[PDB]
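Here is how the chains run, residue by residue.
There are 2 protein chains.
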Amino acid sequence: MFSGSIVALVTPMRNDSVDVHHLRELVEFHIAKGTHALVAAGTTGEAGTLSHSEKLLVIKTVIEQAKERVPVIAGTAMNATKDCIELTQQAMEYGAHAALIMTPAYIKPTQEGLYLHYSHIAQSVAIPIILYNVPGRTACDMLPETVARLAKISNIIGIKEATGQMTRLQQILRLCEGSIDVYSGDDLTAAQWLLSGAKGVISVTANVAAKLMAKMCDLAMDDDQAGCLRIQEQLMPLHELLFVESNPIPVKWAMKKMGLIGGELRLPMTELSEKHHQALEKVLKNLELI
Amino acid sequence: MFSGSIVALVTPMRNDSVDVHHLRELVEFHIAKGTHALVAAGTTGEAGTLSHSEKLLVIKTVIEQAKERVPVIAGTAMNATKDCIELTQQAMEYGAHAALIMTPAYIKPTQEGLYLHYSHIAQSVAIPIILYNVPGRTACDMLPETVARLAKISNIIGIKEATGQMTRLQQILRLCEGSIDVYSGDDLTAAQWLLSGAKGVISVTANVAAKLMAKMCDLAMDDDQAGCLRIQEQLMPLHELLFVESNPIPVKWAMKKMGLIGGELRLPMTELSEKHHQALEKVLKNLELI
Ligand SMILES: [Cl-]
Ligand SMILES: [Cl-]
Ligand SMILES: [Cl-]
Ligand SMILES: [Cl-]
Ligand SMILES: [Cl-]
Ligand SMILES: [Cl-]
Ligand SMILES: [Mg+2]
Ligand SMILES: [Mg+2]
Ligand SMILES: [Mg+2]
Ligand SMILES: [Mg+2]
Ligand SMILES: [Mg+2]
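Protein sequence lines, in the order shown, are assigned to chains A and B. So in PDB author numbering, the last one in the first sequence is 290, and the numbering has no gaps at all. So in PDB author numbering, the last one in the second sequence is 290, and the numbering has no gaps at all.
One or more hints might be untrue.
[Said to hold, decoys possible] Covered stretches of chain B, going by a simulated chain A footprint (3 or more residues, C-beta under 8 Å):
#1 23-34
#2 74-82
#3 176-182
#4 210-222
#5 230-238
#6 244-257
Simulated from the structure, these hints should not be mistaken for lab results. Backbone N, C-alpha and C define an ideal beta-carbon position, used for all residues, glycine too.
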């Protein structure tokens with residue numbers, strides 16, 4: 001349903017309120033740069049500290065500004081199944097084209113509990129759903145067998161798989177045989193995944209290098225393996241630096257430096273440590289982004 | 001400020017709402033069995049899937065029923081520092097004796113961001129605070145160096161350190177030299193911790209074996225290593241089974257078997273798989289709890 005470079009948008013903030021002005025500008029930037037879809041209120045968008053109202057404001061802002069020029073995916077995870085259904089229902093009603101649903105965090109449901117969670121959400125809300133597995137943050141790993149069961153629920157169209165593990169990508173494809181799209185959720189390994197059966201990448205780097213990310217994905221879609229890997233190597237110093245502290249700390253600093261946003265983070269997230277500024281400015285300059 | 005066996009209370013549920021009747025019975029049960037303090041709305045209380053309203057109802061219920069006969073600690077973690085300040089303030093206003101504050105989950109702040117988080121909470125709300133570190137759930141490990149800085153903020157009284165790693169208890173004690181109390185957050189290693197400088201255990205097993213946990217802790221406090229270890233070895237088969245699926249799935253099953261609660265869990269948490277029932281029932285019988 002989606003492909004290519006899908007940006008996990010930061011949520012611009014100004015004096016601890018959502019910076020609608022800059023968020024709208026980012027939608028126009030991505031449309032101009034040829035990003036293939038937008039994710040609103042994902043992890044890179046500080047979903048973990050935004051209130052329910054703010055998540056909805058961010059989703060609505062992006063959808064309204066896009067004016068059907070580029071698809072919009074809404075992050076709608078909540079730990080309780082009943083809460084996730086309500087948030088996913090409002091994102092659907094706002095016009096989101098799909099819901100990206102991270103697993104519950106911290107509470108560590110069983111595989112059974114994950115199946116019940118997503119199957120209840122999909123039965124309750126008539127919107128395409130992209131599963132999102134990121135055990136390195138949630139302490140919950142969705143196993144490939146669970147993935148294959150959920151692929152039989154027809155509104156479950158995709159999985160953003162952030163583990164960076166090639167054997168994980170290959171076990172899901174082996175078990176599902178096309179019955180679910182896999183999107184990389186790890187910029188550092190995205191090109192290998194796009195060349196090995198993944199449909200796209202839900203990307204942090206695309207916030208900063210949108211054109212190059214779109215190009216890299218387009219070359220992979222054109223089976224230009226050498227071309228794709230060429231651009232991946234060009235990005236790799238930027239990919240590494242964007243996780244030097246927890247995302248979205250580095251990306252906000254880079255976008256700050258580029259003049260795209262104020263670069264504010266809501267506590268307990270903090271602006272990028274001064275020790276990394278030098279290395280990241282150097283990368284941004286080389287890539288001609290500043 | 002606290003010591004001994006401190007129960008992380010389950011939150012009894014009925015019809016997907018807080019079961020205030022059985023929650024009040026549990027408060028009387030602990031007073032009768034001699035539990036040393038009660039934690040309301042912690043991880044064992046399903047804090048991760050309770051709404052804000054529900055958390056305050058559990059905390060208020062516990063405080064009111066206790067009638068100052070036993071101290072009450074309120075779980076008040078939120079990811080965003082400003083929201084944690086609001087919940088912690090409310091708990092303080094309701095009369096909680098301290099607030100148990102887990103780190104942010106899933107967003108993975110830096111250690112500076114954890115110091116800002118807890119220093120701002122402590123600054124803003126005049127209540128004792130017990131830090132709570134559980135990186136196996138939250139993907140955030142608060143390091144001993146950071147704990148030693150926070151111990152210099154005088155309303156930070158304690159840390160519930162849930163790693164179960166003896167070198168971690170040792171390093172806090174070494175860096176802090178008594179400037180902060182350490183509470184075990186891991187029943188499986190709690191006796192060795194109590195015998196090695198920890199002040200108490202914030203316990204899951206105490207929900208089910210409240211009299212034995214209290215005597216195990218009393219014996220540790222009396223410097224009776226053999227008597228303490230003897231009870232810990234009697235409880236060890238129960239400790240093990242209580243984590244066979246994510247807490248509080250097994251403990252709520254055991255409490256159901258004991259007639260103390262209905263044993264309902266909010267999705268995506270699921271009642272204990274049948275394959276564990278026989279082993280856990282045999283243990284409860286073996287301990288004369290059933
Ligand atoms: Cl910003
Ligand atoms: Cl991960
Ligand atoms: Cl790659
Ligand atoms: Cl219950
Ligand atoms: Cl842990
Ligand atoms: Cl032990
Ligand atoms: Mg629609
Ligand atoms: Mg399908
Ligand atoms: Mg008071
Ligand atoms: Mg002190
Ligand atoms: Mg069952």
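These are the hints, each one checked on the structure:
| no. | hint | verdict |
| --- | --- | --- |
| 1 | 23-34 | violated (count 0) |
| 2 | 74-82 | holds (count 4) |
| 3 | 176-182 | violated (count 0) |
| 4 | 210-222 | violated (count 0) |
| 5 | 230-238 | violated (count 0) |
| 6 | 244-257 | holds (count 3) |
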